[PDB]
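Submitted below is the structure of interest, expressed as structure tokens.
Other chains of the complex are left out, but the ones given are in their true place.
Chains: A and B, in written order; residue numbering restarts at 1 for each.
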Amino acid sequence: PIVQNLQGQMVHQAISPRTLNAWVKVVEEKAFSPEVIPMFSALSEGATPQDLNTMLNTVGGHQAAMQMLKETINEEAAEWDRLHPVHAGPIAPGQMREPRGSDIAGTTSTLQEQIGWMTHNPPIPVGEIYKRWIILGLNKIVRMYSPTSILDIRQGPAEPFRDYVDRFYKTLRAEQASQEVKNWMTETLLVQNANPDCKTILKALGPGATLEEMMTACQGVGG
Amino acid sequence: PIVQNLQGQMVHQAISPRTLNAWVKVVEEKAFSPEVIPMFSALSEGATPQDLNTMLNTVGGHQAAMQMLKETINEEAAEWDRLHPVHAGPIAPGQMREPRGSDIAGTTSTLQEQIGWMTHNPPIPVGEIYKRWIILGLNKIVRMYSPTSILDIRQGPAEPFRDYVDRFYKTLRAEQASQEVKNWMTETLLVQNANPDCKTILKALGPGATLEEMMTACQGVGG
């Protein structure tokens, strides 16, 4: 994180041990369920690419996921190389360099350069750029670990509607495709994969029903 | 939260990991008992819509409640759209835009715009507005999870009056209707739902009795 010095040097505080302990505990305990993403987007606000690399390397568990994330980062860096080419020239008066793909990450970048690159006006936010690429690979990571496709979940013989809605929406959160298909999923197969008695009552309500209405309608009905 | 900078840039400190850990633990362990609401209204004082979204997304348990809460937030935002229409014009001299319904949430709003919207004079408190909508959906969430309606609780044959009063008032807190019906419920069903011996003693005291007198009257009386 960036902080101003008393005199003012635009200096960097080392990440707290508590944040790393919390992140490691979250990754270890929660496997790679979808809440890792908001948690990462919370523990790393304003963090430099060195801090993000520190949190990434601090993990010593599911190394396959970390390597796939590294491959995604490399692909996104390669993509970044093409979009903005090299300036092809000497240093402009009082001007620092332009971020390369590897420069965005902490591989080919000193801490002072990253300090400068996000504290100059106009700002090149290398931290948020690295965060976006990490999140985009964590998306795939969370997708791979869900052991159910959305078109496979149906509520059992003796099970409350509450548990079904929980499971269905957990799977829906895991299986990110797009907003339109998410709403289509919600409005069509929630009712069409239930218990025949639950099917009957849910059809009895009809279309255009909020989830609260569906939940209160099936409350107790089905036991 | 909003905190002034040393020079003064009106900058935002990232929410503490401890607060999110406490919030997640509370939601997990305590299910959705009525104590979630006062705790949420405490752990998120002055928080930006981004912080509220972070707390809302950090949980990975009861996804049905969070989806119903999201639907409630969408409804409240749609309601917000109608009440305040669009200015229909260019940017006024030295003036930022007006918060839309989605702008109140963090969906279509950058952190800097939210920072600006809540420190300009006069202030548009987007944080408090989003907090009210979140509380208005947590109310429904807490209502749904109480597994007993108020007119269904009756004190057992061998049970102290203390436990009955605890259960009755917990249910009364769960089932929010309005102040007057709460008072009428307290003054009419507490006595007319107890143990027959408890019925007799409460009849012996009579009406217009504070809860303290009711509790001390039956202390030991009924075992």
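Going forward, a contact is a pair of C-beta atoms (placed from the backbone, for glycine too) under 8 Å apart; a residue touches a chain by one contact, two chains touch by 3 or more.
S.K.: Since every chain shares one sequence and 2 appear in place, tell me the total number of copies in the complex.
M.R.: Across the complete structure, the repeated chain appears 6 times.
Going forward, only the chains that are shown with their structure count from here on.
S.K.: Based only on mean CA positions, could you tell me how far subunit A sits from subunit B in angstrom?
M.R.: 28
S.K.: Any idea which subunit A residues touch subunit B in the complex?
M.R.: Residues 1, 4, 8, 18-19, 22, 30, 33-35, 38-39, 41-43, 45-46, 162, 165-166, 169-170, 173, 210-212, 215-216, 219 of subunit A touch subunit B in their complex.
S.K.: Which positions of subunit B touch subunit A when the two form their complex?
M.R.: These residues of subunit B touch subunit A: 5-7, 14-15, 17-18, 20-21, 54, 57-60, 62-64, 66-68, 71-72, 140, 144.
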